[PDB]
Amino acid sequence: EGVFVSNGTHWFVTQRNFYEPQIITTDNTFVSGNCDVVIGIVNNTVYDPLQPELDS
Amino acid sequence: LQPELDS
Amino acid sequence: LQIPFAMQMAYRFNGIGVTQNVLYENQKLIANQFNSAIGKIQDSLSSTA
Ligand SMILES: *[C@@H]1O[C@H](CO)[C@@H](O[C@@H]2O[C@H](CO)[C@@H](O)[C@H](O)[C@H]2NC(C)=O)[C@H](O)[C@H]1NC(C)=O
Ligand SMILES: *[C@@H]1O[C@H](CO)[C@@H](O[C@@H]2O[C@H](CO)[C@@H](O)[C@H](O)[C@H]2NC(C)=O)[C@H](O)[C@H]1NC(C)=O
Ligand SMILES: *[C@@H]1O[C@H](CO)[C@@H](O)[C@H](O)[C@H]1NC(C)=O
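First to last, the sequence lines map onto chains C, B and A. Counting in PDB author numbering, the first sequence runs from 1092 upward without gaps. Counting in PDB author numbering, the second sequence runs from 1141 upward without gaps. Counting in PDB author numbering, the third sequence runs from 894 upward without gaps.
Misleading hints may appear alongside valid ones.
[As the list claims (entries may be wrong)] Just a few of them, taken from the derived set where beta-carbon distance is under 10 Å, the chain A residues facing chain C:
1. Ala899
2. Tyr904
3. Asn914
4. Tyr917
[Stated by the list, open to error] DEER-style ranges, computed between Cβ atoms:
5. B/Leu1145 to C/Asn1119: 20 to 28 Å
6. C/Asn1125 to A/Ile934: 53 to 61 Å
7. C/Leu1141 to A/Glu918: 24 to 32 Å
8. B/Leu1145 to C/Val1137: 22 to 30 Å
9. A/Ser939 to C/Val1122: 43 to 51 Å
10. B/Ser1147 to A/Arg905: 43 to 51 Å
11. C/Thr1117 to A/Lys921: 26 to 34 Å
[What the hints assert, rightly or not] Listing some non-contacts, in silico: residues in chain C with all C-beta distances to chain A over 10 Å:
12. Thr1100
13. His1101
14. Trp1102
15. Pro1112
16. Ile1114
17. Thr1117
18. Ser1123
19. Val1129
20. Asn1134
21. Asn1135
22. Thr1136
23. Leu1141
24. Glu1144
25. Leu1145
Just so you know, the hints here were simulated from the structure itself, not pulled from any lab data. Just so it is clear, CB atoms sit at the ideal spot from N, CA and C, and this is done for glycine as well.
Next comes chain C alone, as it looks inside the complex:
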């Protein structure tokens, strides 16, 4: 539902009409295809909530 934005050191999702950054996760994003097709894609980490829970 958001936009990807950066402050120059980090990347966040935020909503369009009011700045409120949140960490990028598997749950505020959706997947489609591999990196090769998209014009202007960038590398960053995406957080996964499941594994660090099931680790403990």
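Starting from the structure of chain C, add chains B and A with the ligands where the hints point.
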């Protein structure tokens, strides 16, 4: 997810 | 508010109920269809006044 933590 | 044009079209796609990845995965084809459709309008105006 909480009740699934049998593993 | 400035915004990149390809990202603006991806939100205008999202407004018609088509998932925004459909634009970024087809951006060249979508641009050629747009550019050619503007081209046809010059010919239409130059022929059927
Ligand atoms: C971009 O935003 C991030 C998160 O708000 C900032 O990173 C934090 O910076 C403070 C020090 O100012 C640290 O205490 C935090 O631990 C940092 N968080 C992370 C996730 O590393 C970052 O400083 C901002 N950058 C700019 C240029 O404004
Ligand atoms: C994003 O990260 C990937 C690696 O995770 C980068 O892919 C490498 O690109 C270089 C230069 O073309 C190649 O030599 C490597 O073989 C690539 N790695 C793989 C696994 O294929 C990619 O270049 C990064 N994107 C940017 C813009 O820096
Ligand atoms: C933006 O323009 C630069 C050159 O000014 C180019 O390297 C970059 O790939 C472009 N990115 C997008 C999203 O068009």
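So, going through the hints one by one against the coordinates:
1. A distance limit of 10 Å between C-beta atoms decides the matter here; for A/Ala899 the minimum to chain C is near 7 Å, and the interface restraint holds.
2. Checking A/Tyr904 against chain C: minimum C-beta separation of about 8 Å stays under 10 Å; hint holds.
3. Hint on A/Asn914 holds. Least Cβ distance to chain C is approximately 4 Å, under the 10 Å limit.
4. Contact between A/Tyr917 and chain C, as hinted, is supported at the beta carbon level, the nearest pair being about 5 Å apart and thus within 10 Å.
5. As the Cβ distance of B/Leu1145 to C/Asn1119 is approximately 24 Å, the hint placing it in 20 to 28 Å holds.
6. The hinted window of 53 to 61 Å between C/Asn1125 and A/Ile934 is violated, with their beta carbons roughly 37 Å apart.
7. The hinted window of 24 to 32 Å between C/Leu1141 and A/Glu918 holds, with their beta carbons roughly 27 Å apart.
8. Take B/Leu1145 and C/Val1137: their Cβ atoms lie about 24 Å apart, and the range 22 to 30 Å holds.
9. Taking the beta carbon of each, A/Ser939 and C/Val1122 are about 47 Å apart, inside 43 to 51 Å as hinted.
10. The hinted range of 43 to 51 Å is satisfied by B/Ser1147 and A/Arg905, whose Cβ atoms lie roughly 46 Å apart.
11. The hinted window of 26 to 34 Å between C/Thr1117 and A/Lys921 holds, with their beta carbons roughly 29 Å apart.
12. The beta carbon of C/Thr1100 sits about 21 Å from the closest Cβ of chain A, which is more than 10 Å, so the claim that it is off the interface holds.
13. Even its closest Cβ contact with chain A, about 19 Å, leaves C/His1101 beyond 10 Å, as expected for a residue assigned away from the interface.
14. Annotated as non-interface, C/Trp1102 keeps its C-beta farther than 10 Å from every C-beta of chain A; the closest such distance is 15 Å.
15. With a least beta-carbon separation of about 16 Å from chain A, C/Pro1112 lies farther than 10 Å from that chain, consistent with its non-interface assignment.
16. Interface exclusion of C/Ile1114 from chain A stands, the closest Cβ pair being 21 Å apart, more than 10 Å.
17. Consistency note on C/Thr1117: stated as away from chain A, and its beta-carbon is indeed over 10 Å from all of that chain's, at 16 Å minimum.
18. Distance check for C/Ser1123 against chain A: the nearest CB is about 4 Å away, which does not clear 10 Å, and the non-interface claim fails.
19. Not every CB of chain A is more than 10 Å from the CB of C/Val1129 (nearest about 5 Å), against its label as outside the interface.
20. The Cβ of C/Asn1134 sits about 16 Å from the closest Cβ of chain A, beyond the 10 Å cut-off, so the non-interface label holds.
21. Even its closest Cβ contact with chain A, about 16 Å, leaves C/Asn1135 beyond 10 Å, as expected for a residue assigned away from the interface.
22. Consistency note on C/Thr1136: stated as away from chain A, and its beta-carbon is indeed over 10 Å from all of that chain's, at 20 Å minimum.
23. At the 10 Å boundary, the C-beta of C/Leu1141 stays outside the reach of chain A, the nearest C-beta of that chain being 23 Å off.
24. Look at C/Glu1144: its CB is around 28 Å from the nearest CB on chain A, clear of 10 Å, so calling it non-interface holds up.
25. Interface exclusion of C/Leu1145 from chain A stands, the closest Cβ pair being 29 Å apart, more than 10 Å.
In the structure shown, a violation is registered for the earlier hints numbered 6, 18 and 19, in ascending order.
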